[PDB]
Structures are given as structure tokens and as C-alpha cells.
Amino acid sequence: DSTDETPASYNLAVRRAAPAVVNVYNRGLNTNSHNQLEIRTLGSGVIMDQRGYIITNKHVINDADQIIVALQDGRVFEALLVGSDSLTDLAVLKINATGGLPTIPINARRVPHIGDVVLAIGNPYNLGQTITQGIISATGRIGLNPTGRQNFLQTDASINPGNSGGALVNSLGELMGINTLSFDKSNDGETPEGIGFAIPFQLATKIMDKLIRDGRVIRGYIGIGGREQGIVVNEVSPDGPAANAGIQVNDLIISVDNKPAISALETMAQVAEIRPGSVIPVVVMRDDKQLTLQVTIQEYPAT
């Protein structure tokens, strides 16, 4: 009836990770503004390392005349847009590294498991830093849009506008992902509950490392469209690889680059890895004939 007892708490995870999570403000001029900065959109960001590199969502910082980063300790910075990637909806920011910067705990050896308790940390509706608790509902989710699918952690940790670009962490404080999107599909007009997505941390890292190295993310481009044995070529793919190879639409591609092609997704990934300008074999079955065409890859067209 009296308590020397200890309340179940995730405060430790909070104390470890929260300081590294920042408030990102996208400020823009308005014809209305008449020379006065106004907040277009706002969200969150994660301080990845002490050099002052910050991860956030691209849609948070799009078309910004100024980007402001606010730390929980009071410090305010103006940030440099290192680069962004529409495909992953990621963007990297840079800030003054003098003194000390808090960093988000990362553990590359950690395997996120379905059912893991996670906290979402961000700045919903600009109320200030909010911590919500949920679990990992799923992994490898395509998201709301089937096409151009990307791996997503799904979580029922409450996510609202302002949470974008913020962190998802486990009870140990380790970064699990970057909260990006929530599901709103009408489906009879009701409101979807407890369904939000995060870019997995491993992907976040790789993309950040590529945006710091180059102003953008560099991928190989074949310029074809098709749906999932073998794969069918539907897209016109005009110019570039399609012209260089003179590919014929309506054909099925058995294998490419000393590797099998059962699923287009595993294939599309492979295509992106390869450097731009390289030429490799493509195996298609046209009229039940094993035809082979040489083709030059090129850097993925900017979005």
C-alpha cells in the first residue's frame, strides 16, 4: 500500500535519444509575406553524428528560403541543405559543430523485430517535443504507394503532422527509423488508426552517407517499366538505355548480369547499384528465342 516501487518507464530511452532529435523549420517568403519569413512547413530531424549532419524528410525542407534547426537544449542554428532524395524522401542538413552536439544512439548490429517496443520522437503540431509509445507492427512494407516500393517499418506509435523526419527508437534508445508517413486512405471514409511508417535506420544511414559524399544519390537507370518465370517490359523507355540497346517492348527478361531475375524488385535494386555508364548483358525470351542485347546503363534521371 506504500511504494518504494519503481514505475514502468521508458525514460531511459528518452534521455538517451531525445536530445539528438531536433525541430526543423522550413521558412519561406510569401507574396503575402512582403519580405517577412513565414513557416511553410515544420517537422523534426535527427542528429546523426557530431559533425552536425542531420537527417530529415525531403518534403519537410522542399522549397525552403531558410531552414532553421532548434535543439532541445535551446540552441538554434540555420542549416545547410547538403542534399535530398525524392525516392527515399530523405534529406541531409548541416549545422555549426562548435562545442558539443548530441547524437542519436545507433547500433548497426541491432535487428529490429516485430513486436519491439518503440518510441516516436518529434514535434507534432509544433507543441514541442512529443514522445509516443508503440511497437513495430511490421517490416519491409511498401507504404501507401505500391509502385516504387521502399522498405518501411510500420508502427502504431502515434504519428502526427510535425513528426516527419523525427526518430523511432527502441527501449534502449537505439535508432530504429525515421518517421516519414502515416496511412490516411479513406476506405469507406473512416480514419485509419495506429498505422504509420518509418524509413529503416540502415537505409537512412546509407542514404545519408551518399548525400554527404555527393550532392545527390547516384543510381543506375535502365528506363523500363514492367510487372513481375520472368519479367515483362512494358514501358517505352524512350532514349538512353532503351534506344542504345534498341529494346523491344513486350519481351520477357530471363536473367541479367550473372544473376537470376525472378522478381523485378530484386532486379531493380541491382540496376540501381551499378555505376552509370557501364554496359552489361540482358537476356530476354522473344518468340521463345534467347536473344541477347548489349546496353549501357546511365545515371538515374533527376526527379
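Residue numbers count along the first chain shown, from 1. We call the rigid core whatever largest set of C-alpha positions still superposes within 1.5 Å between the two forms. Compared with the form deposited in another entry:
Put simply, after the core is superposed between these two forms, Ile253 is the one residue in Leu42, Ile47, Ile67, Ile253 with a Cα shift of at least 2 angstroms.
Annotation: rigid-body hinge motion between these two forms, rotation of the minor part against the major part equal to 17 degrees.
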The other form holds:
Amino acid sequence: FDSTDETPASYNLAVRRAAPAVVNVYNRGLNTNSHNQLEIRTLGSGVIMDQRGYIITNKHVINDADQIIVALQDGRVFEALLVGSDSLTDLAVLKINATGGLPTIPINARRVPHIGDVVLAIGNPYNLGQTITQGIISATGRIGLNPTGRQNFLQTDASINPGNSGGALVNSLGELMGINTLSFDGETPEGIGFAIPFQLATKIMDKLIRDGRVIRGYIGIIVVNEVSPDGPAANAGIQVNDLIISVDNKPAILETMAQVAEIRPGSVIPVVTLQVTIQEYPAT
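Now the other one: the form deposited in another entry, given that the block above is the form deposited in one PDB entry.
Here you get just the chain by itself.
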């Protein structure tokens, strides 16, 4: 046989498209226990989401950093500014100030990820250097390890390790599917990892870039059991034991809270007819 003319099956195309835009993130801290030497306390990855130099990573990668270093595959190194974070989704946004343009992750807003889709994880596991691993989408809408939390996760069996956090999960076309965030863990679980779906990542990134934080609408309270003191809920004369069937002209069928969360603070909305003005929820 002669295989010189033949062509090896490969996802190199997806790699050439996406990899240049995935970065190594280093959380550096002053060792105040010793002699203030600068040490890496956490490392992870990030994704360059647009030419202006806005980068997505996990909040847990950059927590407690005294300094955040971003390294590109082309060799460039930057001090990164923390634009904002959001602990509810474990997302964070960084900004780098490169004069020269920079590569961006391919993003197809119309693409719907499907269970069974081939995916590639791109990150800096154990600081070995950028590493590409292959798996499939194993499941969708998972919510992750922690019970509830109102989180929607893609599950994947692409091998994921400390250092992958904040990095890209893409398909065979190089399109961003999600941000790798979490590995499931007497046995040791094999091939169970979680990513924030890209639709959600882009949504939170835009909010963080705009307000420096994620502003969520708040009600202050489907049967009611507790009404927050002096909250938008308490107002409009809402009662303990009160019952609600509709909100903002929608069926009260978790779904309600995701709906209210997007609602801008200041807007007024009828319920049961009690009239409530939505206000900003303070997470701290």
C-alpha cells in the first residue's frame, strides 16, 4: 500500500483557527509569608473574545491575584487589568492593551451545540504549554457539581486538568462551544468535565464590559413563603402566603428568576394586580 497521497484524519483546522486566540493566564501573588517574592499561586487559561483585547476566564483562576499575567501563543506577554467578574457564573473579564491587533476566537452565534458533537479543549494544563485534547459534548444543561446554583453547563469527556480553567472548548470548525470551568471528582471519575455554554459567556462578558459588574433584576420574594423587608416584593403589598401565577405577562410555570434577572432595574411590572418596580439585586 501507499499512503503518501492519502490524508490523515485531523482536527488541525479547528486548531489553527482557535488556538491562536486561547491564552495562558497566571495568577501571581507576593509571598508575604517569606520575603515578598512573586510566585504563581494559580494558573489557568483564557479566551480572547474581541480585537480590543477583552479576555474571558474563570473568576476562580484570578481570585486573590496581586498580579494577572496573560501570555499569548505568539510569545507576547501582558499585564492584564481586571474589568469585572461574576461569582454566580464563575466568569471574569480581563483587558490587555496590545497596540498590534490580536487573534480572536471564532464565534458562531447561530450554531447550536448538540450532544455527540466532537469538541476540542484548549488550555495550559499543569503549565506544560498549550494543550489540545479531544472529546465530545456529553450532555447539556447540567448545572455542574454543586447542587442547584441556577447554572447551565455543557458536559464533555475531552480530557481536562488543572490549568484548563477559563480556556476554550470548540467544535471541529473552530467555533466556541464553551469555557472549560470544572472537572468532576474511592474511585476517580474519568471523562466528566463541565463548560459554561458560549451563549451565556458572551452575554455575561458584554454586561461586565458595560457595567463593570453583572446587574440582575430583583423581585424581593409558585407559592411565596418569605418576602424580603422593604424590597420591591414587600412593596406593592405582597403578602406572606400570597400566590403568584404571572409575571411581566408570562406564565409562572427557576424560569421566573432567570426572566426577572435580565429585567432592567427601574422597570415596573404587574403581578398577582400588584405593581412592582424592579430594582438592582446587591450580590456583594
